[PDB]
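Student: Chain by chain, the residues:
Number of protein chains: 2
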Amino acid sequence: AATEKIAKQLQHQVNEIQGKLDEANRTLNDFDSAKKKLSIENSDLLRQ
Amino acid sequence: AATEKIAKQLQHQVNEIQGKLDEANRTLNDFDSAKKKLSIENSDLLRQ
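Chains as they are written, first to last, in the deposited numbering: chain B, 1251 to 1298; chain A, 1251 to 1298.
For the record, the hints were derived by calculation from the structure and aren't laboratory data. Certain hints may be false.
Identical chains share a label here; the pair holds if one copy fits it or two copies do between them.
What the hints assert, rightly or not - Subject to a maximum C-alpha distance of 30 angstroms in a straight line, what follows is the list of computed DSBU-like cross-link-like pairs (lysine-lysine):
{"id": "1", "residue 1": "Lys1285", "residue 2": "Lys1270"}
{"id": "2", "residue 1": "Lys1255", "residue 2": "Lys1285"}
{"id": "3", "residue 1": "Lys1286", "residue 2": "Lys1258"}
{"id": "4", "residue 1": "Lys1286", "residue 2": "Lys1270"}
{"id": "5", "residue 1": "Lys1255", "residue 2": "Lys1270"}
Throw the hints in and build the complete structure from the sequences for me.
Tutor: Take a look at the structure:
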């Protein structure tokens, strides 16, 4: 019952910190969708 | 002896996905440096 306690107390950390990752990984997504728009706006005007 | 082996299994992941995050937020800083460099030539080209 002692080692199961630090099992669960470590288990709470590994559960949440990927939620910190998945929240942070979402920032890795929408930057890329904003970047491809900023490229195609550059490509549309550099020819002009 | 199962849970003690389980305790390392939660331990091995919680160092692993941490290390993935250290590669992640670095790449978050990389696409940060990509956009701020690219958005400069957005306003620069639109000025020109």
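Student: Does each hint hold? Answer for all of them.
Tutor: Evaluation of the provided hints:
no.	hint	result
1	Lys1285 / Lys1270	both (22 angstroms within a copy, 23 angstroms between copies)
2	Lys1255 / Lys1285	neither (45 angstroms within a copy, 45 angstroms between copies)
3	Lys1286 / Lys1258	neither (42 angstroms within a copy, 42 angstroms between copies)
4	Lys1286 / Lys1270	both (24 angstroms within a copy, 24 angstroms between copies)
5	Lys1255 / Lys1270	both (23 angstroms within a copy, 26 angstroms between copies)
Violation of the numbered hints given earlier is confined to hints 2 and 3; the remaining hints are satisfied by the structure.
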